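Single chain ahead, written as structure tokens, the form deposited in one PDB entry.
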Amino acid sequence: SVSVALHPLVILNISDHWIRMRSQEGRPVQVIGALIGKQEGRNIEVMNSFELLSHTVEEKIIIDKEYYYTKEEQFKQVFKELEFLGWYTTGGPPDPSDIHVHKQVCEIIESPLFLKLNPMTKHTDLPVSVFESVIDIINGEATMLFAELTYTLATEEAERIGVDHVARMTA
């Protein structure tokens, strides 16, 4: 149980990653990355994200750890006060592939957040969901599942040039 505030930039970044990869590959593809921000007590503020490299090995998605560590290192050289908080991907509801990848991310951080963005909604006006993992037992054995969390959009400073300011210009 945590409270989660999401900065608009995170949502825009993830959609951007998906749009750019779809253009590059000529088809929609799943994209994966890191969530960055701050946590104080049970309160998590998700401030930014960045793309991560993965490889498909024996038909499974493997996060490139060496890529991640270099990427994190460079990010922290600039943003000294921010921390890795979890990971994101795109698609529908959480699935067994997400579970397999989440277990890798659990090797980087204790209790990573998981954010999924659905790039194929036409109806929902914020196709983003956030999860934490839980280990449930029902017929003998530990089973990792995702529990969905409520989130809010993070309050931003008056001097920030944010989504409202820029949206006034686009249309």
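Residue numbers count along the first chain shown, from 1. For clarity, a rigid core is taken as the largest C-alpha set superposing within 1.5 Å between two forms. What changes on going to the form deposited in another entry:
When both forms sit on the same rigid core, the CA shifts between these two forms reach 2 angstroms or more only at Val130 out of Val105, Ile61, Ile36, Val130. Positional change of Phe146 between these two forms reaches 2 Å or more at the C-alpha, relative to the superposed core. Put the two forms on the same core and the Cα of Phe75 is off by 2 Å or more between these two forms. Relative to the superposed rigid core, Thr121 undergoes a CA displacement of at least 2 Å between these two forms.
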Given for the second form:
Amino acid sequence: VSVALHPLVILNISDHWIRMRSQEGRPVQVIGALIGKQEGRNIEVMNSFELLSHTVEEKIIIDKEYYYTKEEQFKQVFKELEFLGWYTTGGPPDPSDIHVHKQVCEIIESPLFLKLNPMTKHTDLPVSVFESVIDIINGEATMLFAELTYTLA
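Same protein, different state: after the form deposited in one PDB entry, show the form deposited in another entry.
A lone chain is what you will see next.
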């Protein structure tokens, strides 16, 4: 096995998470399929879409009917494509992902698993501090910005 990954997949998944967080106000886990082409050993994950599910005791159940109906409904436009595996959002792999993985493992034999962590802290954005300094090179004179080093409480 060896894997390629279009950036559209990663954007698709972020967008799914963002659309969902908005729906409730709080961020929730999202789940979906990985599709694409699989030539030679070049597994090319070309795209993705959303998968329905339902959560109960922190256990997630994939809606199989929804998947097969979509596959049915989309077989003509996804003819050159294949189901490669599934994705979800969050941190390092958890027991719950294995539980979901076994269900995807019932759809295709050895499914890929893509996990994306949409968690970002604002405090990680670049922050530069400057002080103003009036420079006069022999001849030309001006005000410039001179960078300062800073600590964080």
